[PDB]
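Below sits a lone chain in structure tokens, taken as the form deposited in one PDB entry.
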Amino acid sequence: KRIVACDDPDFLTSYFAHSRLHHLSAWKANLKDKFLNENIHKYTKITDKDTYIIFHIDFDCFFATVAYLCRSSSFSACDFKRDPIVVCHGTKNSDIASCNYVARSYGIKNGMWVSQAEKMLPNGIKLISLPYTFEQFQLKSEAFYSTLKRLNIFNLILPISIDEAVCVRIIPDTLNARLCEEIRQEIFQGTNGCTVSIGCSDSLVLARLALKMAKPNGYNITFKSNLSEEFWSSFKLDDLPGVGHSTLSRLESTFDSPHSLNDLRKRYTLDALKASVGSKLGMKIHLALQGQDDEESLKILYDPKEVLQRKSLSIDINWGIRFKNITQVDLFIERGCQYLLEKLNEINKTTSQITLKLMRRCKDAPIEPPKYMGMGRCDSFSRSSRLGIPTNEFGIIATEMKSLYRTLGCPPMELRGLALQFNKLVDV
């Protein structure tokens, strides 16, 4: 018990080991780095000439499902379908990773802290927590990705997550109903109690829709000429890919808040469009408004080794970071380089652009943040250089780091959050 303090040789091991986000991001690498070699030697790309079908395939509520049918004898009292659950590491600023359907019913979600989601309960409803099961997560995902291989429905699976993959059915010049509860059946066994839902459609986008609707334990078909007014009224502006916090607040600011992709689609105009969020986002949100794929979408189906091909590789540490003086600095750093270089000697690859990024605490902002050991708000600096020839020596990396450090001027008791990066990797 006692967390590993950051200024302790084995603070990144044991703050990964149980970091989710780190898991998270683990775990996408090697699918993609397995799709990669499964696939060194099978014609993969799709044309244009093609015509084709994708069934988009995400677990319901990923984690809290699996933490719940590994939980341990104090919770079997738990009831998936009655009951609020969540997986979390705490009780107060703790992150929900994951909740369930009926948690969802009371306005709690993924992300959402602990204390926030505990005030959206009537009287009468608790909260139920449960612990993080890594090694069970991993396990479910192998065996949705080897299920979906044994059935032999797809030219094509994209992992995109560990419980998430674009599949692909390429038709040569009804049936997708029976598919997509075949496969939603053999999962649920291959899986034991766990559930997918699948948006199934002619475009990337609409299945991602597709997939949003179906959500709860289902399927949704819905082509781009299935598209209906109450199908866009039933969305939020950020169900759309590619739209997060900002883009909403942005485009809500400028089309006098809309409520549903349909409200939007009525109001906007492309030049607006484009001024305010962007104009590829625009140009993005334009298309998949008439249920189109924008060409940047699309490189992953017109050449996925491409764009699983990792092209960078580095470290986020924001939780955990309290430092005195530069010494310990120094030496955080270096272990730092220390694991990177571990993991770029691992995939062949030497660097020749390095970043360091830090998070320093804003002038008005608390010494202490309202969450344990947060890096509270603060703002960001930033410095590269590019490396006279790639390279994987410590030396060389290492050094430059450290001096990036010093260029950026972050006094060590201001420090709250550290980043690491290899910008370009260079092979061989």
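Between two forms, the rigid core is the largest collection of C-alphas that superpose within 1.5 Å. Residue numbers count along the first chain shown, from 1. Compared with the form deposited in another entry:
With the two forms fitted on their core, the C-alpha shifts between these two forms stay under 2 Å for all of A275, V307, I347, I125 except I125.
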Contents of the next structure:
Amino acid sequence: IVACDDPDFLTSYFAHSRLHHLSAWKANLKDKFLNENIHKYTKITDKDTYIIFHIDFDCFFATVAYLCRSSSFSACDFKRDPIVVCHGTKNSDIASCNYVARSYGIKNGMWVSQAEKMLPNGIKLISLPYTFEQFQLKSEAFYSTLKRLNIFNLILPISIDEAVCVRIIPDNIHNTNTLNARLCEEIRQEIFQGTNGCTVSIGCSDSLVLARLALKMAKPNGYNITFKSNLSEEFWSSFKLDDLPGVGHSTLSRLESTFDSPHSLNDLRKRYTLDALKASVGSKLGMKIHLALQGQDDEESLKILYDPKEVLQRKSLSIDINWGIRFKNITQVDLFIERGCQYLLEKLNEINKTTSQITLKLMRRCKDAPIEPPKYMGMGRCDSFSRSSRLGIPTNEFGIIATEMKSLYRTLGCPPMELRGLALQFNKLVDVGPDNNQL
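Same protein, the form deposited in another entry this time rather than the form deposited in one PDB entry?
A single chain, with no partners or molecules, comes next.
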């Protein structure tokens, strides 16, 4: 048991946090792409005609946690029992659940308490622990297999278990559904073999957005090939509005109010107008949705194809701790800020950069929100506050950065006992070069 005023807190929290792991894994995969390809040219140009294979493990954490489960769970059956991955027994997030669990209505992001009530009498929920190092090892096998197949011109990491793979089609070659289907089956079988039993689904298309939609249709343990020429009202009828990439809960609600609760993407595409959509959700996101309903990518999405090395370059660095934050006084808050700055400066030094702009963000208990939230050590319902500072000279000096961070906290006027979360950010990074002569 490690409290937020213990020196070991950041280490322990990050060791247990699957969301920390997801972000750290992704950052590491981006860095590896850059190192792997530093003398390989890997971009897409205006002259290229290409096909997208969007590949994702099926219920990744639950699959791997099951395959590596301890002997206590030896008689667990992945095809017959409902399985979740989580830390706890009550208000603990279900990070991943298998398709048996989903068949009873259990969904990721539910709390264990919630999901247990959906099970009929006699049927027990199997809760597996996280197996973080095994998640990483299976990801290594995944990316190694994709490269070894030598069928892709560009392999872009999306996440620990998800990649966008691009195949350039020369105009002298006649691409067919049969070639694409056999490629999907080769990929699926090789990954199944290479990971000792994990399955992937694949969406295959001539746009990023359609390959993402095709992938959703392919799950679980399957593939789907839907090109722009194959588009149909039946396709668009298959999807909810937040199945579109970049449409979450908040955008979904805006679309339902504006366009009288469209049920499917086919509903939305027959009702919307471009200006009404831009007014509803914003100009750029409205244009993105407009283009996606034609199966087309927007300019922003295509950037990763045209210059992946620039897109995958890290441009900021931060930590967020919004669980376990219970401080009694400002001395302990300040020590925690100092530990956070030390951690961030270690990362900043690892990548040989300085920073010229920093931000402190905090979560403060809402006035009407309960003092102890329903979730043990949760932030509960909170108000967001942030303040940023431009440093004079770009720096990696602890004295400068930690002092300014503590001063930023001071200016936001959050009493320590109302603090429920903190984020420390280096917003602008500057390269360290061989010439550090400056008057």
